[PDB]
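Student: So you can see what is in the structure, the chains are spelled out below.
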Amino acid sequence: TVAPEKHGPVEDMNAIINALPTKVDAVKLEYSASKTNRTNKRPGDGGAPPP
Amino acid sequence: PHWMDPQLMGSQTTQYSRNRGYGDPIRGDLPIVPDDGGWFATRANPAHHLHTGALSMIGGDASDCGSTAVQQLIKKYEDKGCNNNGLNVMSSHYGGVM
Amino acid sequence: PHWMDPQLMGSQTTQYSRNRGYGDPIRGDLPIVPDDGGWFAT
Amino acid sequence: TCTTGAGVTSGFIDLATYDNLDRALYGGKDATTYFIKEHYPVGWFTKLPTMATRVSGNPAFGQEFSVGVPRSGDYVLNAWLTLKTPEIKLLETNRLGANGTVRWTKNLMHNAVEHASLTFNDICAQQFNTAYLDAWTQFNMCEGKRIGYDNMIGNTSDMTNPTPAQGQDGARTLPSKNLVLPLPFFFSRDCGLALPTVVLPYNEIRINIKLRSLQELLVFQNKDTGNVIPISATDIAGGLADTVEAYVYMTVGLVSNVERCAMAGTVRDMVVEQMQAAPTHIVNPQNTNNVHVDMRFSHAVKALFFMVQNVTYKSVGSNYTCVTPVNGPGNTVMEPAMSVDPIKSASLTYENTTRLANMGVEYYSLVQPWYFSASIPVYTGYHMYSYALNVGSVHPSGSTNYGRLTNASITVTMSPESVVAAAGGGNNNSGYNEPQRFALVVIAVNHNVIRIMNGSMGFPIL
Amino acid sequence: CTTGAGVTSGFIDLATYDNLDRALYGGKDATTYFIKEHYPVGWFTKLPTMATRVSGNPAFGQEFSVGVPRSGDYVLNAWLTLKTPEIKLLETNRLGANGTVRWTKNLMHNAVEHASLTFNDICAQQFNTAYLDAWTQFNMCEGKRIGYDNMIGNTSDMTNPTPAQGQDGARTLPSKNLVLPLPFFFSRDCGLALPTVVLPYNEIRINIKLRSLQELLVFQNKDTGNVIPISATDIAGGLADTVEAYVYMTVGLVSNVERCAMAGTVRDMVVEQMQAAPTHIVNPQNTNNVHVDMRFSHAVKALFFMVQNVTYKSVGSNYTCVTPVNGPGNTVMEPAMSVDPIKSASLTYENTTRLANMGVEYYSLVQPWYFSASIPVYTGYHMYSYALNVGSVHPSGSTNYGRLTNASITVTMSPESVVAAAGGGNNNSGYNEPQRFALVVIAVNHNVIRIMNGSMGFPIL
Amino acid sequence: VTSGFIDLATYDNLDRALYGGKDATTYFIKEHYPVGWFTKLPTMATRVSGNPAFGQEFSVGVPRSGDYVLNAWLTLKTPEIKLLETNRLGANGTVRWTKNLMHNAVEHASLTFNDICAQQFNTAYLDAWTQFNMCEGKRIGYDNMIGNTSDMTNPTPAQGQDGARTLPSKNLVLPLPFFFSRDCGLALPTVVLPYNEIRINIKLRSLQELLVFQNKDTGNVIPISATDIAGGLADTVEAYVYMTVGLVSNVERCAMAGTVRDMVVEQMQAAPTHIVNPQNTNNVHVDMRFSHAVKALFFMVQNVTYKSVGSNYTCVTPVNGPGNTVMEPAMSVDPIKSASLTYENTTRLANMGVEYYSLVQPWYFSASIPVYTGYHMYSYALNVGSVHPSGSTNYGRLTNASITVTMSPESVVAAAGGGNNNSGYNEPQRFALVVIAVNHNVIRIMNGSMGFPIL
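Going down the list, the sequences are from chains Z, Y, G, F, C and H.
Here my numbering is used: the first residue of the first sequence is 540, the next is one more, and so on.
Here my numbering is used: the first residue of the second sequence is 35, the next is one more, and so on.
Here my numbering is used: the first residue of the third sequence is 684, the next is one more, and so on.
Here my numbering is used: the first residue of the fourth sequence is 1100, the next is one more, and so on.
Here my numbering is used: the first residue of the fifth sequence is 12, the next is one more, and so on.
Here my numbering is used: the first residue of the sixth sequence is 392, the next is one more, and so on.
What the hints contain is simulated information worked out from the structure, not anything from laboratory work.
Mixed in with the good hints, there may be bad ones.
Here are the simulated DSS-like pairs of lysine-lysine, each with C-alpha atoms no more than 25 angstroms apart in a straight line [said to hold, decoys possible]:
#1 C/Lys47 <-> H/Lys413
#2 C/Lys94 <-> F/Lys1443
#3 C/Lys354 <-> H/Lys561
#4 C/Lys187 <-> F/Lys1443
#5 C/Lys116 <-> H/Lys529
#6 C/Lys39 <-> F/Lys1136
#7 C/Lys99 <-> C/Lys233
#8 H/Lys728 <-> F/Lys1244
#9 C/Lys155 <-> F/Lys1443
#10 F/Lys1205 <-> C/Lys155
#11 F/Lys1244 <-> H/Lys468
#12 H/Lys421 <-> F/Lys1244
#13 H/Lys529 <-> C/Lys354
#14 H/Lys728 <-> F/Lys1183
#15 H/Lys728 <-> F/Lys1136
#16 H/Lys468 <-> C/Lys354
#17 F/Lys1128 <-> H/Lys728
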């Protein structure tokens, strides 16, 4: 005659879910590193000026 | 919060009689008012004693469909007045019994 | 400073249909306006 | 040019071939392009299998048992029955002696399961049985999964292979391996149609399954004459254990709290597919060749499956051919040379106004499945006629309503092969060594509407 | 506690939420499953009908036409049924005891050549055996393969050779009717259908030409494996030219409320046609490289090419350098030396190699694996498609050979083909007699058809 | 003919609810919309490093100057095999190509962006994917292009015996499953990545591990040697890479020039293999350490007794049956009996039977069911093969998770030898448990560079 109430499991959530931002900081650092240009846009140049 | 909720919610569909099965599938039965009396008069219900018929979908006569919009085009596109060469013809009559 | 510049550098000459290799090689074809329409028109 | 390895320059000589004919098909401001897939987010949800709790009966052959659908699951969309088959070991003390073999019937699953019903409260939401199971699995079968389906339900060339007695050369015994049968339900047909158990806290869902006794599950065939006689407990070692374990598993889904709160407390309309089975009829080709059966269905019928089933031996099942299978060389099962469907032609009648003429049997067998189904049956029988463009699609397609239609009839014509098979006189290993009998079964599939509101479920039209 | 009914285990998965999950799922307007949106569709009905011929009679080796009838609203199906005669060999055959007669492989797709659909008097659409075979091999939906191989013959009851009456094998070939669905633009998809009610000012006709029983039946020598034409004397009961064939089509009726709307309007439909290049005789003995110049007009979509063995007219649908021969068990078998003659192929647009000298296996396997719905289960049948999906009715990448200038295809034969062209083969080897091959090219193209003023015509000519 | 009128006349409340309406769409009329003008053509892949040979790794650069590369495959020319009479096994010796010749001789095929590895795959992933998501009709063609044509896998005796056949040297084609090859809507924007470097590395396997040298009677396998066969074990091989490029119209090329593009892709990650000994234990725990939102998990135990024979997920090795053919003994079943998942002492998935993972899960959430023993899968999504995202859980926000696998009596009895001739388990057998996971990720393209904004 009443709507059943559903909640979380018996075990606490935090022990399983945990919290450690090392992965996301690693991703952000990798993205910031890749933001700078790493390829060459002057092929067949020889960018050494004459002495 | 109790049983019989689905049966109270549902509504039974119309149940016809065996007499309706003998009707005309194409055109429906004519509208006849039953005799509501207390002496040898059947109180038949036309709702489940009458056949509506198939004419509702087929019949037009409102839009360009239907016969009443084809005779005008036929007459307009039909050549009239002498023949010159041949034996002369008369326009076909399509209206049925005035 | 980008790719595809070598092949977008210029243009490319027009290519003719198979019908061109049939007329007079000495005198030009008569100037005939084409047919434009939506019913059996080339 | 140059016919280089990374030839891209040759890809412009055809891009330059643009004119009026393809100007209509390609190009434009609104012309969409490939290589760029539009993205759109979807809902957040999880799914996991759950064991279904029992409420009534005991799982045993020939008895009925019920299973209750658990609550607190936001949705349920799956259902399958797992059952461990027993071990069969023929004994030399059998009635037929050395000339006798025992084998499981063809399609072990779809057998020993009939009148499988899903009911809310005490109102039957729907139900199906062996004929519908066979017709659906033969008409709407997805390729690639055909081998898996023909492996999970028997027919693995191991259960159906006859085994002689212990004293004979073939002393192998039938293994005891569990089998799985998915249950075709309206919520299992599509993901978009699932039971909202979160919205239905007042109704009591229930699934009822009635099994069959092992006597009609085991086929006991004479090796030489190809005659089938009922099996007995003393014939095989270990007896006939009536009780056997059987479980029902279903998959539930969980949605987000915000989504469930938003969708809680509203009216919903669902379109479902059901079954209507006409009562069986007995056909005797020796008396008359034409058999008429009247259909009395209610809702908008979508397709009609009509088949003639051989009913000579009650043990054998899913045999829709006029001649029963017999033992063959190599201790295998094979069908005799004269093994064809008994239906020659069929027609429909709507108040002596035949919708269909005396169309050939091959029409229903091949042309209709080729055009309006996802598969074509590989066995004899399985005749259909569908009013819809696509039977397997859950979206509504062309159909007629039998509620306002006056009593319709189907007329079938027998075949000379059926007539000659009805009488006996056949020689050994011919299948028709005994007089044969057949039955007519008709199945219809119809649409229906279910209303979900006020924490309860029910048909708005009944 | 641990139980099999534990539902709360999914709450951990639900709680495992981060930025990636926020990007992938969720949102104010995020769609959801378990809720199927329903929209109303049109009201209609369908039923099959018989088409009554008004010109000629169905006879083997002749051509007959059938008029598509009005009184429907949408024609979307068309198939042809034909009842084969009963064949029984006689001991008086000119091969004597060493004589077997059997139906040709792919009985249907044979005895139907240049099947055409015309409106009024316009040469509108046509197809033939090569197109039928290529399409059925490249766009075959699985599960229906057995149905098709029962509908169009190849049921192992007509393709299995039978000896004479005197010998052990005296069975007669069964006489059962066969059905073939005619491929047409309206039959390709339900979206495209013929507005027959909207077209009252045109006559729609379907023309079918049949082959001869001499070209159909195969008379094979049991030992040496040589094929010779059949004669009416050998077949018991004589040879009958007439045959019982019929045409059926499914029509669809609609309500008047939407029947009135389609009256007096202009419609444009996208259809698919085919062009068959004239066959080119190929002699591997002299030259192993063959050049063929195409001549196509509209926007081509795919190109199917094959090399067909043409040594015997009785045997058909063979694309291998070695003909099948009688084997053990009164069956027909293809000998071990059996490979497709084509070794490589290339395309050229005005001395410009558009397609390099790719191997035959490329066209045989890689292209079907990527741009078609099926891969052929037979030798030959090489495909090259300009579109992502060959079977899709919707247009995709394509080129118009009419706008393009002249184009050519170069093919290379194989050592097996060049050594099988000559005779010298022993008994039941296939190449016991000199072999000849021909190259056939089929192209599939798009087109536009305009319906207006109760008439149909090409808007581009 | 006229019964259609009777059928149409039957219009009721249910028929009005389903059909009908002013806004209801109708069949027999299809709305047509234009599509972008484009073209496509195959191209060769330019070799950049090494020489393709067995047992070595060779590199290829993806060609530039296209607009959208969307398809990749590799063609390899197999050598000729000719067994001699001087073999170590003598007359009782046969040589055949290993089962699944393709998906073998290819170890850790990798695609890398610039100098950052984009993704890679290997034999187990290839086998699982091609066994689970194999569209029918193309199954025969795929088998033919990868081998298994009763020519490579049929044992051939020495030249002095009845079977003098030699394995033909015919080229084979292996498609490369990559994120751009998953769908036509996902392709590398080479027009958006100018002067960038796209690298593809393939490490072929040594030819000694691709030839199965089986004894005729006892069913034993020993490694092959150059002196066994005529000519010799030619290390060099003829391998080529072909990729399909596409060209787009100039207007749509210029329209999308200079903008950010976000793409959703799928990748694979494999846990390290663990040697399992059923003779000692029965239940084994494996710790799964994955990173991103996983979509599917494929786990199976592989028989690793002989390095020569591969793709054998059965407790008993195949033997040489009659007619110079390969066969499997009657004792050929998958060694896995049950499996379960656990979230640090919280059983999410109970001890379900092996048949569940083998059949029921593929029947519901896959496009095909495997035809060989093994290939156990579990999917968090409704459709594994669908490119569009579905249900998935990310292991980054999850602590250590474990998988428990139970062996079988057949496996434990096969782990000890003593079997008869041609029984397969004549010698003790070794098994290794391999687990792979298919997960999602996001790629961002900006300023001619590729990176992972959130990875």
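Student: A separate judgement is required for each hint: does it hold in the structure or not?
Tutor: Consistency of the hints with the structure:
As the CA atoms of C/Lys47 and H/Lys413 are separated by approximately 21 angstroms, the hinted pair is consistent with the 25 angstroms bound. For the suggested pair C/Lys94 and F/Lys1443, the alpha carbons sit about 15 angstroms apart, so the restraint of at most 25 angstroms is met. For the given pair, C/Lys354 sits about 12 angstroms from H/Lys561 by alpha-carbon distance, which is consistent with the 25 angstroms threshold. This hinted pair checks out: C/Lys187 and F/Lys1443 have alpha carbons roughly 12 angstroms apart, not beyond 25 angstroms.
Taken as a hint, the C/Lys116 and H/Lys529 pair is honoured in the structure, with Cα atoms around 23 angstroms apart against an allowance of 25 angstroms. Between the alpha carbons of C/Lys39 and F/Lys1136 the distance comes to roughly 21 angstroms, so the proposed pair stays at or under 25 angstroms and holds. This hinted pair checks out: C/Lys99 and C/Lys233 have alpha carbons roughly 17 angstroms apart, not beyond 25 angstroms. For the hint linking H/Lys728 to F/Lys1244, the alpha-carbon distance of about 22 angstroms falls within 25 angstroms, and the restraint holds.
Proximity of C/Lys155 to F/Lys1443 is assessed by CA-CA distance (about 22 angstroms); at most 25 angstroms being required, the pair is judged to hold. At roughly 23 angstroms between alpha-carbon atoms, F/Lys1205 and C/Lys155 fall within 25 angstroms of each other, so this suggested pair holds. Our distance criterion of 25 angstroms between C-alpha atoms is broken by F/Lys1244 and H/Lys468, whose separation comes to about 34 angstroms. A C-alpha spacing of about 32 angstroms is found between H/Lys421 and F/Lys1244, which places the hinted pair above 25 angstroms, so the restraint is violated.
With a CA separation close to 22 angstroms, the supplied pair H/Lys529 and C/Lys354 stays within the 25 angstroms bound. Of the pairs offered as hints, the one joining H/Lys728 and F/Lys1183 holds, with about 15 angstroms between alpha carbons and a cut-off of 25 angstroms not exceeded. Distance check on the hinted pair: H/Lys728 and F/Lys1136 sit about 42 angstroms apart at the alpha-carbon level, beyond 25 angstroms; violated. Only pairs whose Cα atoms come within 25 angstroms are accepted, and H/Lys468 paired with C/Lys354 is accepted, the gap being roughly 15 angstroms.
Distance hint between F/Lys1128 and H/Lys728 is unfulfilled; the C-alpha atoms sit about 59 angstroms from each other, more than 25 angstroms.
Checked against the numbered hints listed earlier, the structure breaks hints 11, 12, 15 and 17; every other hint is satisfied.
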